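Asker: Using the hints, position chains B, C and D against chain A.
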Amino acid sequence: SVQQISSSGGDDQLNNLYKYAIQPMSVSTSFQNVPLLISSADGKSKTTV
Amino acid sequence: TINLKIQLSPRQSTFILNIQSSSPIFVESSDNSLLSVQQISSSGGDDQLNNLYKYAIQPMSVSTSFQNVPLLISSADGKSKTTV
Amino acid sequence: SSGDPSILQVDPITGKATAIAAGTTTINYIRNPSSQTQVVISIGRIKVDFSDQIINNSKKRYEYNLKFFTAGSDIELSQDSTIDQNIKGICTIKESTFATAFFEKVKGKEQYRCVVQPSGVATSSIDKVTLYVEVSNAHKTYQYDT
Amino acid sequence: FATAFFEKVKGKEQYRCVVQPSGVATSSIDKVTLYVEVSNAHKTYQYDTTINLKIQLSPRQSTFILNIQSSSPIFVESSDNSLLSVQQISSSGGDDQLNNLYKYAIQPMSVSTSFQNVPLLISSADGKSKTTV
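These protein sequence lines are chains A, B, C and D, in that order.
Numbered per the entry's author numbering, the first sequence finishes at 1818, counting up by one with no gaps.
Mapped onto the entry's author numbering, the consecutive letters of the second sequence carry residue numbers 1721 to 1724, 1739 to 1818.
Mapped onto the entry's author numbering, the consecutive letters of the third sequence carry residue numbers 1574 to 1615, 1617 to 1720.
Mapped onto the entry's author numbering, the consecutive letters of the fourth sequence carry residue numbers 1672 to 1724, 1739 to 1818.
It is worth saying that the hints were derived from the structure and are not from the lab.
In this text, a Cβ means the ideal position worked out from N, Cα and C, and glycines have one as well.
Incorrect hints may have been included.
Derived contacts from chain A toward chain B, CB cut-off under 10 Å, selection only [stated by the list, open to error]:
hint	residue
1	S1777
2	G1778
3	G1779
This is chain A alone, in the form it adopts within the complex:
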């Protein structure tokens, strides 16, 4: 599970700081090395976590 966190404090927004919560979709199923993806909105710059 992946969700964007809404920065309701303006101080976070002035830092240009995007935030995402990252979770297991069930607490009954252990897993390893699943790739989270990250991309810029022009489709160019990318990273895998």
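Answerer: Frame of chain A, contents of chains B, C and D only:
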């Protein structure tokens, strides 16, 4: 004793740059004949408690379209420098 | 000796040879037991290797490894310590002032690289950080780029 | 393209320029202007003058692309047009042209006839610079 991108248009001719810092921030245009830059005075104390510096950014004439003119930004320390 | 001194001139004593022309020839050991090696002279490709580097910090150097290949056959050149491939080159950034670059030979090898160093933090006015690389021989009798 | 120096011939009132080149002359050198000053040992006068002076192909790789860089036009030929095809690649992208980079496709004239060490020729349009591949 001594002390030691943005876009604008004919529908949106002003932008507001917000910047957070625990120390004073200078903001400049490299060209003050195509561009206008002014600090906004935060008359509400709520803005001041957020350490939030504010600058209005404008075209110097509505007859002269331009592109990619560098706004400069820097701390009073002189090293935390940025370009927009 | 050389089988063709106009393709490949050699010192009869200290074995040092210089690649003069593109072609194929031999170097021969005249003393008994006598011997030979064929030699072939050809750059026609560059590869840059990224090695998982992305330009996210101005207080880092981004150091990108070069590999060089023949004309027509795309065979990588011998990275051996009895050779100097005599490769000069120029690395720069194009379209963007966000970084500078240079060309570097890894001291004590036939291994070569680009080094890139940023000027600031990326504004959303930057479309690309276009790397450019030339390579040439010591005399510039040719150039090749990417 | 060259360096020069002044020399007095050891044991005579005979004097010379000696010139020594740095490289091969490119098609970008109209002249090699020699300059000569002479004076007495005290320089109570000076007087001077200026005077002019491999590729491999296979059933998995039947085309090679030869790139060549030059500030002047380049002819490229096979010594044998019955074993080999040679064609200039037209650079329809603009960025290619700014690099002075000539491109030639190089191919076997048939996929039924193996061959070895056929000389491709390369020359500058002034006929001075030549190379063989």
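Asker: Quick check on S1777 (chain A) please, does its C-beta sit within 10 Å of some C-beta on chain B?
Answerer: Where the cut-off is 10 Å and the nearest Cβ of chain B is about 13 Å from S1777 (chain A), the hint is violated.
Asker: How about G1778 (chain A): closest beta carbon in chain B under 10 Å, or not?
Answerer: Check passed: Cβ of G1778 (chain A) comes within 9 Å of chain B, closer than 10 Å.
Asker: Tell me if the interface restraint on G1779 (chain A) is satisfied: Cβ within less than 10 Å of some Cβ in chain B.
Answerer: 6 Å, holds
Hint check: a violation occurs at hint 1 only; the rest are consistent with the structure.
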